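**Q** One-letter residues, chain by chain:
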Amino acid sequence: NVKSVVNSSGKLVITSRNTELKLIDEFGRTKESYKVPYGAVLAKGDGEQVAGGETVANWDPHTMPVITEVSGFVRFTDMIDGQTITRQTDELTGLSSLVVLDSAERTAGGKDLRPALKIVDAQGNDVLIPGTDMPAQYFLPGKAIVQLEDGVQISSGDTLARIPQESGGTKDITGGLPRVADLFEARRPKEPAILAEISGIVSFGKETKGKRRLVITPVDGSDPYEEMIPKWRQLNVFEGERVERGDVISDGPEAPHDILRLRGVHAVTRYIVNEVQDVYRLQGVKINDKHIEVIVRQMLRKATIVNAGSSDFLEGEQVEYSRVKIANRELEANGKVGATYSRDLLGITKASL
Amino acid sequence: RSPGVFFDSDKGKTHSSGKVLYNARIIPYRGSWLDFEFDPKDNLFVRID
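Protein sequence lines correspond, in order, to chains J and I.
Mapping the first sequence onto PDB author numbering, position 74 (from 1) lands on 1035, and the numbers just tick up by one.
Mapping the second sequence onto PDB author numbering, position 6 (from 1) lands on 156, and the numbers just tick up by one.
Everything labelled a hint here was simulated from the structure, so no lab data went into it.
Fair warning: there could be bad hints in the mix.
Unchecked claim - Each computed DSSO-like pair below joins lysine-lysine, with the alpha-carbon atoms no more than 30 Å apart:
(1) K1151/J <-> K191/I
(2) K1104/J <-> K161/I
(3) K1151/J <-> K163/I
(4) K161/I <-> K983/J
(5) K163/I <-> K1104/J
(6) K1132/J <-> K1104/J
(7) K191/I <-> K1132/J
Extracted from the complex, chain J is given alone in its bound form:
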């Protein structure tokens, strides 16, 4: 899941959020695994042979940067003084420093605005990403620090701004139990990762009121899906390519319901088991996986009918999965055509009630 680019010095900078590095022996057996953060610098390439004890990647763990993909001139778009950003001036020279505000301290005038950095050329037109047909612009979230001036020429792979991140507290059992309860209650994350609902080619369409549109054209069959992705959302897709079900249109934390709906039961059970075990394995607790698997089984007990079929179930009712299975296996023995359903995921509190 590597998506990198070469900087001025000739090294390799990662532009992907889920890059995994692995060490493979000559037999082809993996032996070491690491995660590569966004904006990290790789000393070595992919597929090369290195010696034991050799540094391969470096990064700053305290700040998350934003790295440009195309060289050109930087300019501000929707950057309004004193209303959406706060600027300080180094009066000894012509330099200055800027901080992007958050939605907690901005007026209604800047409520609907969207500050960003735009990469243009010398001629003043918009520079597009090579290989695609989209403008080279980057949105700055709240509390970002920029060290550049308007019109400054920047090279590809250089950092345009830095985003500080908080430290945290102690990593003990009082800080993971909320995560375990979050997993077992199947809560929705604050901002999910948009996943492709159906497979096929992709293409964009109409744009309304600061909101994009995504139409996935299947290679054969219907063409129904018209997803209204928000404009502020960053996508990893472009018109013309093809995607499969469950692929990541936009990165972010996952939602267990989407995983269940798209990739199936085994995917969501594996995700839940791994996420829960990664909390206990930090504290030195050892627990088998049957115990979490039965809990996940108890969570997946409801099914919603999608077509009546030859059964007597209604169109949009929610019932027990076992009852649907019993009715369908009774109908299929008589030569009829049963009903079809969709599995549900419920929290333990809601499932028990």
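We have chain J already, so just place chain I on it with the hints.
**A** Only chain I this time, still in chain J's reference frame:
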């Protein structure tokens, strides 16, 4: 808590926008309390008991 006037605020936990609301409370030794408060729309409001 001693009698007098105290200025406090909520740490953005009352509004999903994370906007802090400030209030001033006058608490006497004997009588009725008084409260001045700010709303998310920046409108001063009064409150008794």
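**Q** Hint by hint, note whether the structure agrees.
**A** So, going through the hints one by one against the coordinates:
1. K1151/J <-> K191/I: With a Cα-Cα distance of about 25 Å, the restraint between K1151/J and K191/I holds, given a limit of 30 Å.
2. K1104/J <-> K161/I: holds, 17 Å
3. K1151/J <-> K163/I: holds, 15 Å
4. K161/I <-> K983/J: violated, 44 Å
5. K163/I <-> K1104/J: holds, 19 Å
6. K1132/J <-> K1104/J: Holds, at roughly 26 Å.
7. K191/I <-> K1132/J: Not satisfied, since the Cα-Cα distance of roughly 39 Å exceeds 30 Å.
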